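*Asks:* What follows is the residue order along each chain.
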Amino acid sequence: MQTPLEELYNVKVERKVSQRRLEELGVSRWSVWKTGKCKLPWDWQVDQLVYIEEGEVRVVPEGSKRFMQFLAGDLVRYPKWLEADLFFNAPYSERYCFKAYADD
Amino acid sequence: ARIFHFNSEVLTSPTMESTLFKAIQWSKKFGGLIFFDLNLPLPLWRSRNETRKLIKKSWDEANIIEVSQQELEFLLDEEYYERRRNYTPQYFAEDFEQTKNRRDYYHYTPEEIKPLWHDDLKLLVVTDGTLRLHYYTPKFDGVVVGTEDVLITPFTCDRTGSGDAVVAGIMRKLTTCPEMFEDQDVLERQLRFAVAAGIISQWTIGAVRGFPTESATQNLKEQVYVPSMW
Amino acid sequence: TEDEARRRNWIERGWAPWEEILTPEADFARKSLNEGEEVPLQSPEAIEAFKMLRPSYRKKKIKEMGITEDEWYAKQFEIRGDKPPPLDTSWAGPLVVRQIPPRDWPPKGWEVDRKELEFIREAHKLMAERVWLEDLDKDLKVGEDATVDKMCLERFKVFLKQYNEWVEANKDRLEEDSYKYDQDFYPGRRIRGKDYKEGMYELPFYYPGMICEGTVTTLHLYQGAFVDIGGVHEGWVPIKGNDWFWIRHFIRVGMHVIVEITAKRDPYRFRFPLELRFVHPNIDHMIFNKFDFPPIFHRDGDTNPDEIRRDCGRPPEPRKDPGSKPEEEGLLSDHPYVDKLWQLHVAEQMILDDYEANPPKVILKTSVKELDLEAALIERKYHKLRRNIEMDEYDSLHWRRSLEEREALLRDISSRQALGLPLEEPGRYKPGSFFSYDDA
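Residue numbers (the entry's author numbering), protein chains in the order written: chain T, 37 to 140; chain K, 231 to 460; chain H, 67 to 425, 461 to 484, 502 to 553, 603 to 607.
Here chain T stands alone, though its shape is the one from the complex:
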């Protein structure tokens, strides 16, 4: 359809995050997750903040024919109750943090 997937699925993105915002979030203390070329299905049970440090991921929501692309330097907030397949085609590295209600 005409509406982008990020708007439909409430995937908040902050492409090209400044270093000041990273330190406000305390990204340097976040855990590290990395992968190579693979496919990851996941259903988010809580909100997750992801800061991509290397590579890119293409996110295909359940039943979708389109994808959302996030690149290194982007800060992504995956919403609670989201079901999607994450696709990687090259080395990928990220720092993540799961957020409960309130929190951040």
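Wrong hints could be hidden among the right ones.
Here are the computed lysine-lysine pairs in the DSSO-like style, where the Cα-Cα straight-line distance is at most 27 Å [said to hold, decoys possible]:
#1 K259/K x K369/K
#2 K73/T x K502/H
#3 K391/H x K116/T
Hints in this document: simulated from the structure, not taken from any laboratory.
Assemble the complex: chain T is given as a structure, and chains K and H must be docked to it using the hints.
*Replies:* Same frame as chain T, now just chains K and H:
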């Protein structure tokens, strides 16, 4: 001869094309009418523009022209009429008849036919098989409703040559009923004879083997049509 | 009894005694068959219906009544039965309005001066000002004091300047999109072609809360009344079913009404982008059948049902409840990339073996350029292996990710249970009736 008849197959030969236009000159000098039965061969279906240039000279020399529905749409615009047939209203039909989803028997307007009309043309006939015979004259136009039944004899039906029987039936009535050119009611009644001849021709394997006689054609016409349409 | 069943058919099944305009033959059939099979007709209705079987008798009857034939043809299309109590619409005080720019200006993807926009947006705080009917007299401006130049409309005029700039730059594009997406015109679609006139209001000119004067143009038995409010889209008052049985006496085509905009929606997704309610006449007491959701289009690019329902406000597709609590499930530690590492591990080991020796089926091609043979050969000559250790560290990262989600989930559960917030996505998971080696 009062009617000179030829097809477009002679236009594929350089020798016949030169010979054809000398025959037309003699026939017109002696008062004969020129009947162009298009029947486009395989090469002439390649492109509209090349075919129109190839047939234009012979088209202009003809007093009577018979074309099929497919040939006419190919010569004018094949995609426009294909889109026209495939149109379906989104919410509701424009009239009750459009709800029945019946077969398309579109009657071309004389303004659509205008690029193909010339001064010497007396009668243009567009054949949708034996189902419809659209006729066009300088004064009037209309359609003759016909029919077909090859499923009545599934093992002997063969449509080959039925187009020739329709053309032969037209020429049979044109020579003996000269008022067909000027009287619309007379023209429609005589064209139903050509419809009947085409129907019978489809009931036999082989074109020549299955061509019908006059009495058989007249019998079928009176059986198919109500007496007021004879 | 034959009072609750009739009421049940009206309320539950939408029954209404709609008029049946019968031909003389049909009218005679119903009046005569009530008497018997082959009997002398006795009732005055059936006797008269027998006479009416001849149109010559009807013409004689019409002339004796002094009316024309067409008037008689129109008298048969008359509503039978009793009439509803006539409407009595009372105004709840005077109609007091402001000229407030729509809150949603400008449209998405259209750039305007943000300094002018903030000047425009100042008028949106005027809705908080209180107005009392005991006060619309103290300093009322009338006559020569109420000319347009005397009024402060500066913030609305800046909106008009931006609106006209947007109209002149997007008018042709919007009409082109209407032809691309909408094959046939229908009330609620964009007026186009010869029917379009310059000066028709575009959708961003309207906003909920506006009061409009318009005329009724179309009545639909299953949809409602469509009102021309001076725009390129007609407004829509939702009325359907049995309600039209009485409402048809008051809502007629071509009559002038006063309407209020209750919702404005995207015309690509919703059939009727402008939703209205009648202010004058007031027919709130006559409307009983309501639309659960506004009707939408199902278009060519709509292949995912979950995306469609998010474009509108419709619930998710229900599923059977799994019957298991997500916070009580075991953690996941199998990193999806491990299966790829295993293939690379096997490819390196079989290449090393060849180096030594000669110095239902699924096939997995492996490239030599994605293998690290320099480290493998040193490990081979030195002798789990490095690749096996590499698989465990990827598993540890995946296990840590699962652990942190579960820990956040446990806190999230306690907060939601305390504040009465849903644990599962609402609409999802409808209930029932809705549808050893290691030790050895």
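*Asks:* Of the numbered hints stated previously, which ones are contradicted by the structure, given in increasing order?
*Replies:* none
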